[PDB]
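Below sits a lone chain in structure tokens, taken as the form solved without ligand GSH.
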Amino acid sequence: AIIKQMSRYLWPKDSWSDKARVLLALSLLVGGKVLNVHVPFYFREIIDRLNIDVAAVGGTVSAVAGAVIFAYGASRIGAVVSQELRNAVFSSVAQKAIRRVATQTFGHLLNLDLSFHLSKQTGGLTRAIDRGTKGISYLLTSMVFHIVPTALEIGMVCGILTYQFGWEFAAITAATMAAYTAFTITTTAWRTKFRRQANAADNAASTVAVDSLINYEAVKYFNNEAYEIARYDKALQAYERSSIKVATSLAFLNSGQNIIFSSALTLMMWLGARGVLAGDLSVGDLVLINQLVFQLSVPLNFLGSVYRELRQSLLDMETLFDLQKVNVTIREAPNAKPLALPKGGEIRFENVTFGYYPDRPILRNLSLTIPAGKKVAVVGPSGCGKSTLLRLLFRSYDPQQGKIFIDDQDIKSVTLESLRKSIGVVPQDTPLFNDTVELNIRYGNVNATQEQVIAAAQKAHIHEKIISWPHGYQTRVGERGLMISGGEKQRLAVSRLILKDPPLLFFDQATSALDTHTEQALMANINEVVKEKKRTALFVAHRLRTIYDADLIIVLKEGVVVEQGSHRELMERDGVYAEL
């Protein structure tokens, strides 16, 4: 379809070295097929040069037929060496084209919006990429490894047999290849029915056996040894009844394939003998006809798979190129400006309205003011709508109505990358790349050296815990590493923040850890690291007891700012710490 040229005119044809490799693959393709059709011709020449009155004229090989004897083996060797070098070069070409496709698709996935990523499965996108690149690999491989050389060799052989002998030899060769392909496609489609029935019956036998060994106590309490042997025996008999159909249909497939080529090769020597006995041909030309058509019968192994897999591959390929058609909803405005970072960072929510499932809002005409360089908190019940305060300022979502200003300039007007540089956030559930702790600290600023990592873990007070780990700072952590508690991960995220050094700070739900002592330690550490650098630091907390010491605390009853004040004047509200 469009997908064919969308790949085949973009990815293999881009730079001169890769174009040279594509041309090398094609030249090896054509040279291999030329040498392939020269093997029977040189065998014809051997047969016809020694077919002399031996006792009278010919004296020695290497004067009678040595050159064509060497050229036969050389064409034979070169015909396969060109195939294998064509495959080895186009495997490289296909792999680099696929790497370009995969890394471009992956970059496009990374600049998509948060809404897209949250409405897809974790492995749905990655398996889409993987199946798409294996589909591109199969398509490009099956064209150049199998289908183009085979169609080309049928063309060469029908052309040779029409040039030398007559169009009926080419007609029989073309009819033979059409019949062989039709037979193989049809029969291989029917055989899959039989193979699936065999797998079903095999799994039934195995499930009878395993279900009888699991419930072995019940088997022997009720005396059903012979009954379970009988059930296993019947399930195995049903398996062998289907394995017969698999084996018999395989016999039918292979027998029919060689019946087709053997009928062709016998009809063509009857026709070649009609021409030898008419004086037209020689007895070497019978060998030429025989070996040309036989060499067509060799590369045809692929024909069973091809019709299913190519079709599937285009399906798998389509979705991959669908992932590059999704548009990003978060649009950087034209002529953006990286600005408001030297100015004191103040965050002004002007009548913002936002909520997932836009008929159900979360924030209702919300307006608030975060002063420059101050310690501000938002407080409220869990699920009251404070968790989105991040996702609006970070511009991972747009407010459906209203505006958000960083220092009297709108966040939809600045460069998105400038804003995302500006904000540094401590997430509720700190994620772990399954890599070293040293790199997990580095992730805040990947250009930071080892000593900067060490200083950042000092200021977040992690160094003692990473030294106490066995391997040191190389301690592998994550899903397949040393599991660490929530306080250690929260310190890990605080250190990432320390290393990024952003002007604006968030601490969205960093107190989600259970233990109060560790969150007090976390609160202390973030209190020093916020202090004395003019870092405008917002905290989203579900416990105002932990965040009472903020310079300004605002409270949030379902999408509206209610009041603004201090510790004691806001613990007139409920959720008090008296029950703790």
Contents of the next structure:
There are 2 protein chains.
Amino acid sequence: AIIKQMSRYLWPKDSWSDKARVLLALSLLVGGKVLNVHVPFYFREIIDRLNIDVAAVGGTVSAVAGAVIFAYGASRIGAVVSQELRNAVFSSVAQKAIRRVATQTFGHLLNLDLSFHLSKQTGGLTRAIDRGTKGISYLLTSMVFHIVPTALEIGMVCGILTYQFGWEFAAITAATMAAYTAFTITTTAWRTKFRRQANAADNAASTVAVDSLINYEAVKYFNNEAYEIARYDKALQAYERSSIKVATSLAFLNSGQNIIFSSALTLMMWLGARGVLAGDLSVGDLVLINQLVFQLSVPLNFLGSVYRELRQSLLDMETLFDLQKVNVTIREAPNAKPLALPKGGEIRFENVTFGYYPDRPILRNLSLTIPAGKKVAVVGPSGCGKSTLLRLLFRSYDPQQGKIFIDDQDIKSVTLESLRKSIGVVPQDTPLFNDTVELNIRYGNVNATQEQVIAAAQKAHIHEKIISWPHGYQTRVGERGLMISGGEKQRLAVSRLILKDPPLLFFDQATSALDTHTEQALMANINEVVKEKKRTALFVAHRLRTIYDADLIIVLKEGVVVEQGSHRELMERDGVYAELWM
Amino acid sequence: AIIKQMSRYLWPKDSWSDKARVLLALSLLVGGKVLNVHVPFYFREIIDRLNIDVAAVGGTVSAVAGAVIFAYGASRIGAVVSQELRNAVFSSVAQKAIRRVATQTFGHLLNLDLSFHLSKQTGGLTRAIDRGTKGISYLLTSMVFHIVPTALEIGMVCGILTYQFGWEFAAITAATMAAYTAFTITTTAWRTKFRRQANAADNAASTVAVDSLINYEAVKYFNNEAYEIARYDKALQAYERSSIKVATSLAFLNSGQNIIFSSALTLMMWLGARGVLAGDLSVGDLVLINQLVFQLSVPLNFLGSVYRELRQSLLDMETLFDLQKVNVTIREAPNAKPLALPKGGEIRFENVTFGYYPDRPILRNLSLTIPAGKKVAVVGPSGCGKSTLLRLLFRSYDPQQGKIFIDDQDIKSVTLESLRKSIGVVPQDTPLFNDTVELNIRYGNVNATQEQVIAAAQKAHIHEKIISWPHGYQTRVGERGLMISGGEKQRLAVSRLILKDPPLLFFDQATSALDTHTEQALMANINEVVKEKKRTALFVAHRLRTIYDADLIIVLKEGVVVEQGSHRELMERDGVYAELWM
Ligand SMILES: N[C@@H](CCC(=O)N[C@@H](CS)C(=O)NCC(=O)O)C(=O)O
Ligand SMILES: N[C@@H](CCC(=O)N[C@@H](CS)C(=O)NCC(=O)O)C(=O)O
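Let's see the other form, the form deposited with ligand GSH bound, since the form solved without ligand GSH is already up.
The complete assembly is shown below, putting the previous chain first.
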């Protein structure tokens, strides 16, 4: 638990305005605690300057004690304005560190690999980033607001009560802080289980209500309304049990804490009374002792809540620092070359064996050649493993056995960014960003003006359907935009492809939908935009009645390439429409 | 804003243990504030009993001031234990009121009508119940913890400072509380906009991350990782702007508040000094005045956060009290009769005209008769409005024109609960409760033992497939259970129907799925369980090649019944398989 504190003490520095305002935060911390401890001393002086017999000098308050009254006021005001200014100044440092850490972690995540991003749910990762960065924010914020200043003030109070009254009073206030902290830590560790129980069996009741209201037709059809009401009562009853235990334990915590300070303040009042009756102290030293220890009691009023959230931050920060050290599985070879990509695009597979979970090979000892400018298609049965082809050449994965060469160069030796620039993809299903259609089309090339977007809408016939949209192509689209049809989604994908202008083109199960006439329209569309555009293109389909009129055909059975040639040579195998029995 | 306070002051009462512990809460409130204000008076006595010249009696602390030292300790301890005990005691009252209000609102919601439950999203309604009841909890909790006790203590402090020192000191502390409350209310109203901005542009960044990580294949295929990182930077930058403004405004609030008390305490210190030098007061009366006003400053330290959440509670509580006064659209006639239901089940429609949005009639001037024990089906085109039939007879809706009679009695005159008991439904799609299959089957009859569930699994062949489930029929099923097939969902529905044992049976688009062989199996299954079980049954299908062999057939064109008779008379119209062109 101290290792994380070491790391996150070390990191926030190294800018100039950052270090300037953290110096200002520390300066206001120490000045605030000094002006805080000077309040009881000026209160002692006000008491002890008016404790003269009025048969003495008397006179105006300005002459007797006006300096120390104004100094009491100024010390109180300054001691809280310094607190609020150190908070306002260190919050800038905390927030900037949070922004740069969250950005670095997000970039790391996007640089990780598909096995990782299919292992774990994305909502979990983004909540990990969010809660880990709020945890780091609370660690810096807590260490500068609560943990350090009240420890500094405990030090100064045990020092002044030593310098003026002896080690009796320092011993009492140090034993008080030891007992108060032991008690508050133990009780708030015991109490957070009640807090999380009252949160768990509140989401329980909320989702019981959600389940009953989603299934409203069902609950009404079977006439058991009272059953749902009773189940909601039982869930809410568990909630009220846990909330009552939370409030009761909070009462126990607060009462025990102030029993510890009231025992401390009473014992120091007694020893101050012994000091006064023995003649050592004065009467004002009583309010000095009492107000010093009580002023310690103001920051430590939140010891139970800046330890619960501090430990929760050290739990979430650990998950974020677990994401920050995962891996890079597919890495490029050092000093990778962008070479051999501007050639006549040929992809040759050499004895390639790849499968998900290598104990079950899906693609087995495969070798092929895809020349330049050719509309080649690959066909096969369902689940044979054709879809890995793209995921193998885009170097989303690696070939466990065998090698891949684009125009006489191994993929493991080519620079990753230029490789993935050169490739262009139309996926089987294209998810759409919850944005404007202008930006979904623009996602092919971010630094593209509007006219390129318009042309991309033209070339695959999107412009008519975006004129048909309400706001033009400024329409907000997505899962929360307008519910659209899959054919227009692949039109968006091919518009992305047109804006990329890549050498290599892939259409990986681009026709996988229900009907045929929209499919044959989009097939035609991508044909006149892909052939007569002089780029090498690889279709992928298990529906070969769609791609029977392509240029070069290859077929894969059970992980091996079997037949390679034209349509008529394929005609001895399936390729007839005979699979349309249903 | 005061009307809600009137209502929720009025309601929590009327039980005996409830009123007992609210009496105990109020007793501890007043006792706590009394023991709180006695702390500065015992501190005055400790100061003023040791301010004697030590040339006087002197002696032990026990003789001089030991009673008042122990009384200072006891008053502090008691004044905080009474606070914590009034909180622990009034929390029971608050939670029980919340449970009964949330149950009443939930029962009200389930008693509302389908137009309402299709108008509004269910998540919105359940968050309305949740947040409205947390709002009522915070209103009772806040009014007993913060708003009332600190107003009582302000009253007692302005009363004691009047009784002992004059109206000068009461005027100063009342002007202090007026200025402190005006300032804190104005600043926390100005500051909550920053708080909600920092919450809105944090969900913005979180969903930007969610959108980028869901679309991971897409962002990797177009090589624009830096684009997503930059957009996450802009969202997080807006977050850091708003969080910096939140922390800065909190610093302003806290510093201004303690400027107001420090000006108050200094001005009262000055007038106490004038009183001491004039001989009126004593030196201990200075610590009396200072500690009284400062002890007021402890509860008012949360005035900015028990007003923000109090106003948010009066916003959510209003939405809940808007749900609590909606309507009952379809109500039963007063003294409705359960009569005419145990007859030979015949349903006659008389000149019935119903449509959604009555400016567009969907069903138009319809009259038919459904005798007892007959397997009758109704067919027609897509969207003609056949599905309203069930929703018309179950009295989910009302016939705008025309009347409905089951066995010579109008539906508007029959008791609703016995009506909906007598009806049994197999919906087109049956949602399944996120529970065990044992309870989804049990939902037909809640007070059914296991053997009835087993028999219901037998009669439609569910028992084999629940033996096939991992835990037997104890398997947890649902959206988060095991992903199942639709045919087994309708098997669950008909098992529900068997456990109901109703006279009337409806199968409203029960066959609406993709394939046919599972459909023909489930059609057969429901046939041998429905006919030869001597209950009148109404199938509903727009796929009449499935129901062509039923007993009685009726057909509806464009909202009017056209032909009624056997299968051969229907054969002159469609009913051939000729619609299977695709
Ligand atoms: N002073 C108490 C808690 C003070 C406190 O927690 N105040 C705010 C948060 S700063 C609160 O309401 N927390 C909820 C809780 O602790 O139950 C302690 O020693 O733990
Ligand atoms: N004393 C400050 C607020 C003290 C406070 O509210 N602390 C905690 C626990 S109740 C909190 O909720 N802070 C949230 C905030 O106000 O930003 C005021 O007068 O508003």
